[PDB]
Structures are given as C-alpha cells and as structure tokens.
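For chain V, the structure is supplied; the task is to place chains R, A, F, S, X, P, D and B on it using the hints.
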Amino acid sequence: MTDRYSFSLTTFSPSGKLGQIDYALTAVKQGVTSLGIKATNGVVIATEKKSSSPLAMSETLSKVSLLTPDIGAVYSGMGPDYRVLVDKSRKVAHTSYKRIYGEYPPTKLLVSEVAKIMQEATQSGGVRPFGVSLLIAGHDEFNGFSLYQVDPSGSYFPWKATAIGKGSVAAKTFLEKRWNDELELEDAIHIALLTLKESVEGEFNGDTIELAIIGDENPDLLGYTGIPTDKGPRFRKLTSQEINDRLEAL
Amino acid sequence: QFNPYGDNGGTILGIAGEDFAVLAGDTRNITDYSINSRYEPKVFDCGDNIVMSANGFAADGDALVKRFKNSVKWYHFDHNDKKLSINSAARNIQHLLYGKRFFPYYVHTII
Amino acid sequence: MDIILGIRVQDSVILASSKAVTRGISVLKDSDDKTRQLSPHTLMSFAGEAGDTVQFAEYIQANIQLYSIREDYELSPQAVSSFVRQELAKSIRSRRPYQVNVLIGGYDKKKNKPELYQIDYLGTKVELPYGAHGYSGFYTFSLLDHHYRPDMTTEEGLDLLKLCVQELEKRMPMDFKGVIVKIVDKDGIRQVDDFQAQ
Amino acid sequence: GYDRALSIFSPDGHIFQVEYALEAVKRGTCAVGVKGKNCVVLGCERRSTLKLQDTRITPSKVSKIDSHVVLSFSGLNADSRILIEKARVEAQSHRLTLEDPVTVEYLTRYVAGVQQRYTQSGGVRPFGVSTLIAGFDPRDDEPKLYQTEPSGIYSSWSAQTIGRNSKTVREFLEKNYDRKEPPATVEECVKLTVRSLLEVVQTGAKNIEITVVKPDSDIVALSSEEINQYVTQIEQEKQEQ
Amino acid sequence: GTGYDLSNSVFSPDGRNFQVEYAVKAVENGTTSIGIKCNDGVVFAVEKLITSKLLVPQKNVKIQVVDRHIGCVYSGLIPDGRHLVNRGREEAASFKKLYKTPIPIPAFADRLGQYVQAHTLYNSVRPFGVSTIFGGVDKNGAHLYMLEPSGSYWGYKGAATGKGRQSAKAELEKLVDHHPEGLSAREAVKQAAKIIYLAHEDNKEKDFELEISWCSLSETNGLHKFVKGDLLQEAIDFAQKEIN
Amino acid sequence: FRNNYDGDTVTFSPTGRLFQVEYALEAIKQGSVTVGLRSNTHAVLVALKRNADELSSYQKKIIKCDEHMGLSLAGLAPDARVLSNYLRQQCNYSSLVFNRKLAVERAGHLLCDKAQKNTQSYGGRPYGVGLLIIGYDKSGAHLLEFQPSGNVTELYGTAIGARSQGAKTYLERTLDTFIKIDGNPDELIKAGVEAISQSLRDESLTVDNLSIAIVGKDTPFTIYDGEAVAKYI
Amino acid sequence: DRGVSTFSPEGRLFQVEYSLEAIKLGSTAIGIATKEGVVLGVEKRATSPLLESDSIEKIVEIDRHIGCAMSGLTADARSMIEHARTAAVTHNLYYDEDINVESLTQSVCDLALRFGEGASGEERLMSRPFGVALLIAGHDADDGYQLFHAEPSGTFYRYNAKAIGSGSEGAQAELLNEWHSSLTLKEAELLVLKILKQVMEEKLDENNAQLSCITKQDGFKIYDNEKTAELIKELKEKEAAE
Amino acid sequence: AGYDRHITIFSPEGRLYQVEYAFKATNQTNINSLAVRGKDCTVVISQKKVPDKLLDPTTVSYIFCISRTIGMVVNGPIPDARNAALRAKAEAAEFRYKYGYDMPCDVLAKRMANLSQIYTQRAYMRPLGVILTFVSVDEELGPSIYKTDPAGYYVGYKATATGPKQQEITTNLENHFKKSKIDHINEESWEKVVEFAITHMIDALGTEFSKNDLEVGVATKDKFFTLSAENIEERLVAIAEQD
Amino acid sequence: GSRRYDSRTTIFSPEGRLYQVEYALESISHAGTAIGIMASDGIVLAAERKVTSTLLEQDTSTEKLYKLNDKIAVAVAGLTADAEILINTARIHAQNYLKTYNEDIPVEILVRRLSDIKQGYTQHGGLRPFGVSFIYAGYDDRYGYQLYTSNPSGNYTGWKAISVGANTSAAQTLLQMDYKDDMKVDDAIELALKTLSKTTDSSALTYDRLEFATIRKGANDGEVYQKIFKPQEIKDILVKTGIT
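For the protein sequence lines, the chains are V, R, A, F, S, X, P, D and B, in the order given.
The first sequence begins at 1 in UniProt numbering and counts up by one.
The second sequence begins at 20 in UniProt numbering and counts up by one.
The third sequence begins at 1 in UniProt numbering and counts up by one.
The fourth sequence begins at 3 in UniProt numbering and counts up by one.
The fifth sequence begins at 5 in UniProt numbering and counts up by one.
The sixth sequence begins at 2 in UniProt numbering and counts up by one.
The seventh sequence begins at 9 in UniProt numbering and counts up by one.
The eighth sequence begins at 10 in UniProt numbering and counts up by one.
The ninth sequence begins at 2 in UniProt numbering and counts up by one.
It should be emphasised that the hints constitute simulated quantities derived from the structure, not laboratory data.
Every residue, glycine too, gets a C-beta built ideally from N, C-alpha and C.
You can take every hint at face value.
Covered by chain D, according to a simulated footprint, are these stretches of chain V (three or more residues, beta-carbon under 8 Å): (1) 4-13; (2) 26-36; (3) 48-56; (4) 68-82; (5) 123-130.
Derived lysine-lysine pairs resembling DSBU-like cross-links, with alpha carbons at most 35 Å apart: (6) V/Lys197 <-> D/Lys190; (7) X/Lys139 <-> S/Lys232; (8) X/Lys30 <-> X/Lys50; (9) D/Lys57 <-> D/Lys220; (10) X/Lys118 <-> X/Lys30; (11) B/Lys195 <-> B/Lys231; (12) P/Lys229 <-> F/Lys182; (13) R/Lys85 <-> X/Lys115; (14) F/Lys208 <-> B/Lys218.
Next comes chain V alone, as it looks inside the complex:
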C-alpha cells in the first residue's frame, strides 16, 4: 500500500511541453460549451445541460455552482473534476478567508486560490492535472464585477466575455462582434442565449440550458431581516421558466 507515487507525473518534454497539461486542455476542448459575459451592472455564465440520458434528471446535476454568495462558477471538460474543485473552492473561501477576515474573498483572490489547487495537481507527486477549465464570475465591493477563466495549468485571466469547450472558437468570435463596454445585464443575458444557440444541436429551452448571474443583491434570498448592512446575495441562478420567457424575445 502507501502511495509510492511521490514523483511528478507531469514533466517537461524535450520540446519544453508539459504533456499532461496539454492533454488536459484537449479534454476541455471535447467538453460542452460554456460561456461568460460581463456587463456594466452584472455578469452572466451559461452552459448547455447535455443530459446523458432521457431518464436522467438534468436538475439533479448543476453545472453552474455558487462558490460564495457573490461568486459563481461554470466549466467545460470533466464534470467529476469540476465537482470536487467546487467543494474545495467553497471550503478554501472559508478556511483561507472568511474565518480570518470575517468576509468572503474578492473574486480575483478566490480565483487565485482555485488556480493554485490546480497548479499543484500539475507538479505534486502521483497525480494528474484537473481536466477542466473554469469560468468564475463574481463581485466584490472594491473591484465591482469580474469574470475569470482558470485553466488546467493553473493559469487564469480576466475577460470582458469568452467561451470554452466545443464551440469556443466560433462563440468567441460571435461575442467579439456583440460585446461593448456599455452592455446592461439584460443585454448580456440576451447575447448569452444567442451565443449558446449556435452551439446547441437539439432542444434549446429552460430545461436544457443552465444560466446564472451576478447582479444586484437579493434581500429576498437572504433568509432573515433585521440587519441593514446585510442585503442578500448577488448570485442568482435563473429558473427554467425565466429562461423560456426570455427565449421568446430571442
């Protein structure tokens, strides 16, 4: 027993390539498309719910996860890897921040923590890199709204808008045409739905689409009243119904 894999499983090839990270990226390309668009008063992340069986229940499997009350994440690539990353991310947001400063971390930092976890899986002994790329959208008081992309290598970068997965090349191009620095959140959600339409083959409805936003504070989602300074989460996942109502004005 006892893990005897104390050496790196990701090493430099004579050409300077880090094989495993490359392959991991390949796995991401094969993944279902997911995107993110930053507006002036919010951000939106979306992806397709590629139901792996008509007997499955798409709702029981969410690709859009709340990390903190003002940060959400979406991915492309290996779902199971993303699931554990989501748990690690939620935890690290507490152990390395909320338990120290008494407040949730700012988007860039949490993103940084996540990226670190991935970086380590690129060098630690006996493991393989995570086969996923993430798109984290959040908002913090001193940095406003932001959108980040985190890769298997552990790299991350800020975006006004972007896509990852299967049709990322096409989607990125469509976004470059429709994005501007004056978009209101509704405009971004609209463009989001349009962009996603091209990448979707069959059914396109509130039940096959998963979309969340980072916008105003939802006091009505706080759970309690009595504390003025506490106003509610900015993260909110749209309902199937909400998506359909919007698909009509598509």
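Here is chains R, A, F, S, X, P, D and B on its own, set in the frame of chain V:
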C-alpha cells in the same frame, strides 16, 4: 495517588576472600508488618561464576536480575560463549541501572 | 543578580559588568567577563540563570557571526538587537525559557552613532541613553537622570560611571568584586583595563 | 517521500550519476589554486557567453567559509551554494562547540562528506561540483590546499586546477611548480597563478579574478588593475624572447 | 497495446486483472482441499502429498482454526494461506473484544473478503496465491465459504479447490442431489474422506496423507476440532473401500 | 517471458510462479551441503564448511538459537544471521514472558510467517538462505526444513545445498534404522556423517572442514568443530 | 528499471555483485598475519605529482588494537570507519574491556546489507551497497592476532594473508606460497612490500606505498616514510642477493 | 509513453483508458438491473444467476442495505461491489453520527462519486469496476434514484437501467414515460410497482423469469428491504394473471 | 511497483546536464519577452503579454509584473501558475526578514533564497522544476538599484540590462548595442520599448500587449518608489517614445 514503589525488606551481605567470595541474604520477604514468605530466594547464580542480588523493592529487583541474566545470555551469543568477567558485569549493570536514572530500580544491588 | 550597566555617550557606548561569580556560600571567581562580542562593532553583556546566560550569549554570537560571513556585512546594532529580542520572545513560551537579561551596545558605522539596547528575558526591548538590569538601576538611575548629557565625552561617561559604581559599593548588600568596563565606538570594542582605580 | 536510488552500480562497477556529476564539473569555468611558502592563491576564470553583467552584485567564485578559509569551485553554481552554506554553518558550529575554528583539512573532510552522502542516499542526485578549499589552520603558518569531487573523495595539493581545460593548466603547473622552491612571495605566487590561467583564459583581464590568503585571517581579492598588471608583466616575458 | 499483466492493479482492455488470474494459476496448481456443509456444522478435508518417506506422518498440519469455532483450509501458496489466517485471527479477536460475541461466520467471511480484495487495489502488493475454504457454526447454524484470490466469495453446500477440484466438484454435486434432506456430521466426514481419495487421481503419482476436521453443533458442541484416532481411520476405510 | 516477470516479488508469472523467490531458492542450491536427522532422543546437524583460499578460514554453518534449539544454513550467510537472530529473540521472548521453552513447531511457524512478508510487499526481497532446525522440546526431538519461500517442514532427516540429493537418498534409505538410534548420540552423529559424505565429490571431510551439532533429552544444543569432530572422520 | 535489491537468476544480488567489480579497480591492499603481529600495506596511487601523497589515507586506526586498510571507492569507507570506531569505543564504555576483533568485524558487516528503497525487515536506508572492501587487522586476548576481509556482501572471512584490489588475484597466488605459520613480523613486512612492488604500475618507493602493523605491545601503528624507505632498501638488497 | 494506459493519467486525446476499462469490467457478471420510482416508493430489480449447484443461492446477492433507508444495487464484480458497500455503510453511519440526521440518498451518491473521482486522479488507486445505484424515499426529495460510475460521475433519474443490455431496458422505459407523461409509476402499492418493474424487464429483454431469476429491493418511507423468493413468486404469479 | 512510471526529473545526462532544467528553459523560450534595464537613477521592467484578445480585461490583468516588496518587483517569463507559487513564498520571506531584523530585506538576499528553492527541485524530491525565469528589479541602501535574473536551474546573476523569454538572443544583441552606463531612467525606458518593439512576433507594439514598471527615486522625497504603469500610462509613454 499511585505509588509505583514498595519495600519488601530483606538484608544482603557480600564478603570477598583471597580466592573466593560470598553473597548471602535472609529469605524473608515482607510488606509492612506482614510476612509474605519465609522462604523467597534473593541471591542468584547468573552464570560465569557471578552471583547477584538486587535488594529493596522486589518487583524491581527481579526485573534487574532477570535483565542482567539475559545480558549474559547475549554476551555468550555475541562473543562466542566468552566468559563475562566480574568487572565487565559491574560495568554492564551500571548501564542497566543508569538507563532508568529518572525512574530507578529501587534496589541496592551487590554481585 | 549581577550588575549590568550601560551608558551611551556622544560617540560610544560603555558597558560595566560585575566580575563576581557567586555560587551559594562561596564566591568562586572575581574576574568574570559577563560579555560576548557579536560583531566587530557590537557587544552584548548579560546576567540571569546559571547555565542559560552563557548558552544564550554564545548562541546569539554564533548566529551573528554566521550572518556576517554569509553576507560579508555587519548588521546594524538595531538589527542585531531585533534579532535578539525575537529569540528571547520565543524562549518565553518554550518548554524551558532562557532566564537571561542583556544589554546590547553597538556603534552603527552607517549612521555613525552609538546605540544602547536593553532587553529582558521576556523579550522586552527598549533603547536608552543608559540602562541596567536587576536592582542596579535602583541605586544608579537617580545619578544618571541627574548628570547624564547626550553630548558627554567617553571620559565624562567613564567618570559618571565610576560615580555609579561607588554608590553601588556603598548601598548594595553584596560584594560584586568590581566591574569590567568596555567601550564600543567607531573603531571597535576595547576594554578599559584600568578602572580598578580610575 | 521520494527515495528512488538515483546513484547505483552498473555491471562494470560504475556509478554513472557520480561520473556524470564530474562531466558537469568538466564543463564549468576553470578554477586553480597554488600554495606559496606563506600564502595560497585561488584563481578562477569568468565565462563570456554573455557580457553586460553587473560584476558588483553578480556572485563571485571564491567564497569565504570562515575568516581564515576559502572555497572556490567548478561545476553547477546552484549546487555550489548549498555546499558553501552547509560549510559555513558547520564552521560556526565547530567554533561554538570546540571553541576553536576549523582546520582547513577538517572543513574539507566535512564538505567531502556531504558530497559522498549525496551519492548513496535515496531520492537525491550527487553534487555537480568539485571544490578547492584553502587557508591557514588556527595559529599555524603552513598553507593548506585541498580539493574535493562529486564522489566525496578529497586530498591536498601543492597546486591544482579543476574545470574546463584543467588538463591544460595542470600540465603547465606540473612543469612550472617546484616543491623544492614554492613561490616564496605573494607576488610571485599570484604570478604563477595568472600564468596558468592565461594558458586557457585567452586574454581575459576582466575574465580572471584572484584572491590571496595569508596566515591569521588575511584574505583579500585583487581588482582588475592589480591583476591586469600581472597580465602585462607576463606578456612581456614572452615578447622578450 | 500489451503489458497489462505486469502490474497488479491494472485493468486490461477487456476489463480483467491478469495478475489475479495468474494468482489463480498458483492455486490450481496446489493440493486439493474441500468443505462439506452438513445439517448442523461443516467438515473440512485436504490432500497432503507425501513428498518423501522423510516427512514425519501426521505432523505438518494444514487445517487451521480461527478463534474456537472457525475452520480454515486452503490450496496454493501455503505461506500466503497462513498470512490470511493470521489476519483472520486478528480480525476475529478485535471483533470479539468490542462485541463480546465470537465473530459470526458470515461476518468473518466479509472480513477476509475485504482484506483479500484490498490486495488487488495497488501495484505495490501481490494478490493472494490461495483459495480458502472456511466456515463454522454460529448463532444461526452452519456456514461454509470459499474465498478466491480476487477477493470473491460466496456461501456453499460443498466446495473444492486445487489440483483435483474437478473430481471433487463432480462428487460434491452428486451428494447434493442424493441428499435433499441433508447430510449428517458423521456422514460428511466419511463422504469427505472419499472425495479426497477420488480427487487424488489427478495426482496419483505421489502417495498422500488425509486430514479432516469438523465443526458440528451435536458432535463438537460448535467448536472446531480435528478428526483423529478411530473415527478417522474409519473414514479412511470407508474411502479405501469405495475407491475399489 | 520470465524476463518480464522476475523483476520483483510483487509479480506473478502467467503460470503463477514467483521468480524472485525461485531465484532466492537457487542461492541455496549453490550453497554448501548440510544434513539434519533425528531419533527419539536426539536431533543432529552435520554440515560441510567451505573456505575461500587455504589462507582463509572455513565459514561457520551452524548457529545456536537457545539451549534447546539451533540451525544449520545453506545460502546467504548474512540472512542466516538475520533469521537465527530473530529466532533467538522468539526463544527469549517465550522464556521471559511465559517461562516457556519455545516449541520447534512454533518456531517453524514464526520463521515461515517472517519469510512470507518479504514475498508479497514491494521493496523487500526474499531471504536467500535455507535452514535446518533441530531442537528438543516438550514433545521430543525435532527437525525442520526452512525454505525462503516460507515453506517449513518437519522431517526425520533431510539435506540442502549442492549435491544434497545424495544424502537425502541415503537418509530416505536408512530411515527405519536411524530413527531408532535412541540413547546413543555418537551413533546418530556417525549416521549423519555417513549421510553427508554421500554428497561429497570435490574432497573428503577433514577436521577443520567438518561441523556437527547435537541436541536432546538431557543434552543442551552444542556445536563441535576441529579436533572435536576428529573422532568421527 | 529494476530494484536495487533484486536477485539474479543465479541467486545473487545484482547491486552487490556490481559492487564487487568497482572494488577490483581499487588500489592494491595487502595484509599478512604472524604470531608476532599483523602487517597492513597499501598502494597510495596518486593521480598527479602535485598531489601531496601523504594526504592519502587508506590505512586507519579503529582502536588501539585494531586498524584497517581499504580498497575500492574509498569515500564510501568513511561511515564504515566511523561506525567501527564508535562500536569499539562503545563496547569499552558498556563492558569496561576491549572489543574482540571478530565482533568489530561482524558489526561492520552488519551495515553492509542495510540498503534498498524499502526492504521489508526494518528500516534499511542507504540507496546502494558500499563500493569498498576492508582488511581489518588487530589483536585481542581471545584469539590473538587476526586479519579479516569484509565485503559489501555483508560477509567476512578470516585470513592468514590476503590481498584485495587491482593486483589481488596475482598477489593472492603469491601469498598462497610465500606464507607459512612461522613468518616473523619483519619477514611479513618485506613480503608485503615485495608483492606490492610486483603488482604496482609505479616503482614502489616510500611515497606511493605505505606500511603499518598491529602488535600486542604497541598496538596499531602506521610506519612513517623513513622507516618504510629503509625496509624498501633492505628489500632491494636481499632480492639482488640472488 | 504507452503507460498512459496503465495508470489514471491523460492519453494524448485527453482520455483515461483505465477508467474506460473499469467500465468494461462492470459487465463481468452479465447481470442487468433497473430501478423505477413509485408514487411513494422506489424499486430495484436485478437479474440473479446462480448456475453452480454447490452454491448456497441465498448468499448470492448484488443488492445491499446501506442503512435503514438507503438501498444499493451493484453492477460489477462482487469483491469491488462489497468494497463499495462496506464504504457506503460506513459513510452513512458516520454522517448520521456527525450531523444528527439520516444521510440522504443523493448525498451518499455524491460522496461515493467523489471517492471514485479520486481514483481517477490519484495514480496508486485503481478505479472500482462497478456502477452503484442508490435508492430510497428521501424525507425531503421523496422516491430517489442516484447512480454513480467508475468515472466519478453521478446523477438522479426518473428510472434507470444498468448492465450488458442496459440500452434495451432503457429505451423500453423511455417509451413508457413519453406515453404516461409523468416522471414515475402512478401506483400506490409497491407490490404493483414491483410488478411494473418486472413486467418491463421481461418486455425489454424478451425473457420470462422464475422466482430464482430475480432479486428485488424496495424502499419506502423509513425502510428499505429486499423480497424473498416467495415474495417474488407472488409478484410473478400476479403478472401472470394479466397476460 | 511505481518505479515503472518514474520519469526521474533529477538526474544528469551523460554530458552532465539536467534534462528538466534544459527543457524547462526550452519552455520559457516561448514565453512573452521580459526586459529589465537598470539606469543610474532607477530601473525599468517591461514585458510583452503573450496571447491577448479584444475581450481580455486589461485593467484587471497582471500576468508578468508582480510587486514582491515595496522596493522589489519581478518580471515573469514562463508558467504564470508556477511563478505565483514562488512569488508568494518570496513575499513571505521578505516579511520574515523585516519581522526578525526591523530592516527591509536586501535585494540579493531575497533573490538567493528564491533561487535556492528552485535549486532544490533540481536535486531531490522527484518533482518537476518550476518552468519560470525571473528578472528582479529592486533597491536597497547597500548596493542601490540592482537587476538580477534566475531560471529553473536555480542559478542567478546580476545585469545592467537583460531579457528573458522569447527572442532573447535578438533582444540581448540590441541591448548590448545601445546600452550606456550613464543612462538615465527615461533613457532606459525608451531603450526597453524599442527593444521589445523590434523583437516582437506581433505586427505593432500596442499598449494592450504590454506591462510596465519603474523603480525610481522620486527626487522630491528622498525615498524610492515602485510604479506599475496602468493601461493608459503605458499608452502615453508609448506615444512619447515615438511608437504611438
């Protein structure tokens, strides 16, 4: 509270002649004012013509003698059944005892 | 406790340390130098628990000498004193704390100024014109508070010091067998081998 | 965790990792050391693959272990630092426990020990370094010069060189150094050193650095000029013939 | 590609673990041993090849007991078998220590199962080179089990493993049919001695020594015991007779 | 084939073999012959000591583990030291904790289990030595044969090492006779010496080349060498 | 690759066998035992004239009555010597007596097989075997003058005479004849000096060769150059004498 | 280079062959199973094949009782199935102890899925060749089916099937739901849901079953249990009197 | 065992080279170019952002210039993720020094430690090296403005001007051609932009593809000041130096 030590009495005597030596001891073992045994040997032949007695707290005295005899056993293994000289035994015992310098064998030993 | 005095004049720091080494009923030595040189321009005096005292001083010395060689540089007195405070502050919450009080006298070759640092076994550090550990201050501070002047000369200092040692010899119950005096200035560390009648 | 045996025996009785460690040394800049009658001098060459450096701050080749002993080397620089740090720490430790600075031979035996240990320990590769350690034992005036290699082996030399072309400069030294009459002068010792380096440095006044060690912690590194002068006086010896 | 059979925890393209399969080979190459579940206990028997007149008779005992109510017999690599029994003894001891009640046979079976299965999870270990037949009596009657190098095991009416495992299975299956109402402890012993004698044909070259043990509620009071003396010789006869 | 499966003991061959273990066993065959045999009152060990030069000494083949137990070795001398030393501790443990002489059969089990650990775990290597264990305990005289594979067997007599087959046949032949040499140690020893000489070839057994050991009823395990074995050559 | 503690199909440990090869390339070392003491000689073998030959330590003191000579990758012998000296000293501390030469040898051999990457048996930490053999010579009240040959295999043999190193095979054959149980220390000294001379590439002088001995009275001593030079001279004369 | 097929590291195509082959092993048993949700119960059917006559049929099962409320059926070799069963049982007990309430089926599924995901990323752990179908009647979510695989994936289902002929069973079920338009079997008694299950298993596989050809588990409010051969026979007799 | 998949990231080539370090460098050679130019009154750090887009948020982006201390900054060339791990242990090291001595950490001291860490992954642990090369620009009251460089090997050196990453050969030639000891910060700033502008693989050298920082001694103060130029600040300086 718990007192790990006790006193079983006993008295031992060792005298060295010019070509012989003797080690004696009473055979009475006690606890407070009671007699545990009127005959409980206290002086032991450990081989290689070495006699030893660890008097005071019997539990410890037995532990010691037992441990020393065992040391003689290995001395034979390790050094081809070579006889352990009295001086060598004394030095060895010093180590056995000092090895428990901070939780001693509560005994006065003579060989 | 022993006597550990320190006074910072215009261009140097003077350290006076009792020479007596008493062990219970007998005075074993009367020529004990209670000091270690941390670097060419930094000297540290000390007093406290029997073994801890020198063990701590030599440990500090060894470390400063190591820093000097690695960096081919002499840490400022202030830096040396901060390192020493950190070490004593650790000791205070350790399994068996060093019961040592020290005075650090050094000349900052960069600032071109002499400096005196007082640090107790708790890692309590303070910079002063003059200071002492134990009871020594109780008999000498009133004198220093009175006559001490920032622009004093090394000679005036040594005089004010002689004044202090006399008060200690008059009112203190124990025979500390005099003091060994040392000076730290721009040119280094030197001992005033003639204070037994200066 | 990681303890793979990286240095092992091969059929012919070799330990390639240690042998390959020497290859790294062969590729390193040349280092040389010659002992006089009352001094030891260490010379090292400077690469030129790139020149636009800041010589003030760029780490030099000759390092002080204690006020009376120095160490130069040939091979991997990153590796040399680890050996140098360890030696410096051991030096202070020896003073602290024995109340006496290390003898040059001891500081050498220590470093050689570390190197050897890295050849039969799991999960580590041998040091790609060979060193020259020199100085004077406490309260002694007889110069000391030792050398160590990746294998962990060491010994003293009247004069020795390591690194690229060390074969060349060694030959020079073998027929230019008389044990009967060692460079009785710091100047004539520093000259023989520069002469040996010139045999390979190929005109490099700023490519050659020297450090002189005299009894009682007297260590000093010459400056370009001081050295440039030796280069000059030497080039005339040739032309004047 | 290939080489899916050089490392222990590797799945081959068809989903197999060759190392475990190779382990089975060591088992099949071992002596034959069996277990018969009777109406109130179990019987164990095994072939002991007399490699030479020099082997002291009745001495190198193969069947092992676990606690006081369990019997174990195995075919394959003997040292591997002892190792598994040692584990079983610890397994049973800790269980009794916390629960007081001596370990139920089904529970003991899973302990050995989980342990053996664990040796097919990493390449830093080798699978067990033995198939083990074990069982005993507990709060709910008799139980007979057989554990494979893969860690797989089930409850049996009769069980065999080893060189002559085929003969035995053929014979055991006959007993099952010709006794729908159940076999008795006394009877299982004889029937065991016979099946071993028959199975000894696929090894008829070297002479052998028979060994039998049983755990019966009425015959041993639930405790595991070795069949010796008269009852033993008697079964040896019942077998020597029917082999002709 | 074999090449791809004999790199360690944590690997089975396609036919279910453990080559590293088998190779270990080879070390024994390459070793010097040693014989063991017993009656009802004694157990005897006879071994052929081997030397390097004629300037060297002869390597010892018999080790005492306690007053009632000992063994002879064939194979890696070092391993014999590790194993016999482990057996000494077990004998010692049984005495100190239980005031009980360790039974030969028990010792055999301990040896088996120890050897087995180095044949199923990565990193370790099988022991490269064979052992013949004789001892006298509460159930009489005993002879055990230990193999690096872990297999330990109780026999009336046996032999291991190069040309061992010779003696093993002689013993398998004399069985009915020596198994009854009770109360006459010298006879049992002579039988052992005759058995081992059935495996000679190179030379003949001399005084500084022959090694005999005996244990029994009222005979603490003792070793004979040199002049001590003279009366048997 | 292949574990460092793997067995060959012939029942041998690869790393140990290869270890032995490295030792065949080592400088010659010779030891001769006599009822008057034991002589130990070695071939310095400097790799250059600039190497101060006396900084070549291939004969060391373990205790006052025990010394040894090495051959092979000599850097490997440092920890071996350290262990050995500590054992001799420790035994004295615990038993108020000298350690027997054989015991000291056994102690050293016990480190030998302590190598591997995770060998089940204890905690053998050392990635490879030692690449050096040793000739341990000494004296004790139990078996007087003794000479031992300890190898990386963990085994050791007692010898009346023994030569290890590059010239060994030839030198051993020599010893096989030259040696007899009545040699005197002086005769032994010359014999060692002679055989070293025959197998050395270099012309044996008191700078590339070194002698030493162990005698009950004066213990282990390493002959200084002068003392050896004369023995060399004395040898040339006796040889030319016929 | 070609070892990206022996341990859980990426292949140049970004695949994990070892995970793929683990899936391969889940069919080793050649057994199919299916689970459906009732109005207020959950049922799991699994084929049972005990060919050897020397085996005690009663000790042959691939259905486990993880807790009073959670049931688990396994498609794959029995030693890995039992490993997964033991673990799940431990996880369920521990969860109750630490959090004060019975671990939900979906949570236990996630936890086991996460454990598998790890064998997918850590090199020394091999994936388990099994697919786990967890069922129960959650106190919050009602009838539940959650299944996990060697890839660390898992999701909830209206109904599901697993095994060599998983596809046939699935499409049969898909059809039935497209028709009914609801996500469950509108049946009050579980006996009837069990009959529904067996019936469709028969239609899909085109095979008739005896009482020993099946294994059945049922989860109701506060209790998961498995039927006996007789409980099944009664069920089988029932479907007979309709055809 | 595991030995089978162990790459052995810490061994010598027969030529005495360290494969991984070599390959790591090969990796770094494809990273956006980073330049460090040290004048007499300050230091300049300039880096070219590898791969960009219209959507890439630049105001919130920092992929090559990181502030380590108030007087030390580094320019990164290679794996950003690897860099951050190192960068952080560096920031901490600076603070430990300050806490221990109450004096800002001398620039080289921080550089030697970080380099030592890299050196470690080179000699033990069986892990891959960090695919990163650093250019340190810092200032201290002992050596004043300093410019250092470290790579995967763990070796570091000082420079007047240096570049790392892509096209270093070209950049180094250009710098060795126009550098002059008497340069003033602004002269150095201009030299840097020009060099990059000539070594780029891009069409033009626009601000959205650049990161800039300067460590000058704001005369009107007496203290040194770090300044990581903002997008518009880089856009301005770009127009002025005549690159518009």
